[PDB]
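Notes follow the structure.
Below, a portion of the complex is reproduced, with chain positions unchanged.
Note that the chains take the letters A and B in the order they are written out, and that residue 1 is the start of every chain.
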């Protein structure tokens, strides 16, 4: 899987980025068994002020996680994984859970390529 | 919902970003009744020249809106909402509608978390 993590520039220090990536990676392995080396966390930084909520410009605290998964997991597992990411990213980033959004999209494994190989 | 808005750096001034975010937020609530605070507009700026169309490098005028939605709306409502975003973003950014692309993706509410809470 690939987790696109949308954050404001400099909101996360290198060690906070590492903590967040580890927290997402460990969530994605503890619950599903997805091996460590399969989890990509890709931080997309933008200047603070580029996020609007209800048309109101935000500071730099919002985090949006868009997880891109292969189809086939149960709704229970996906809901548990999403909640685990909220909780563990909240801790690793020192950010209130209310600032964290997490969406999971899914695709057939047959149209997903990782490390230049098709997914099982 | 989350609207990822892919624009060139400095193509939108702070007031143009606010107008675009308002136009997208107002389209969404005016057609589905999603509360204001539920609409995130997330601007992703890149240097001009990073967009290619048919392999031809573009200037800074392209706008691509990727809307990430809960499943369950009718094809008619989604089409109306996409068309409204084209029109109102065209006005708010004073940019030809031919430069505006809008795709909607959908996911089960059960794998979507906003403000650290699951969606209905």
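To be clear about the criterion, a contact is a pair of C-beta atoms (placed from the backbone, for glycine too) under 8 Å apart; a residue touches a chain by one contact, two chains touch by 3 or more.
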| item | value |
| --- | --- |
| Complete complex - number of sequence copies, 2 represented | 3 |
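The rule we apply is simple: only the chains that are shown with their structure count from here on.
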| item | value |
| --- | --- |
| Between chain A and chain B, centroid-to-centroid distance (C-alpha), Å | 20 |
| Chain A - residues contacting chain B, complex | 6, 44, 46-47, 49-55, 57, 62, 64, 66, 75, 78-79, 82-83, 86, 90, 96-106 |
| Residue ranges of chain B in contact with chain A within the complex | 2, 4, 14, 17-18, 21-22, 25-26, 35-45, 68, 105, 107-108, 110-116, 118 |
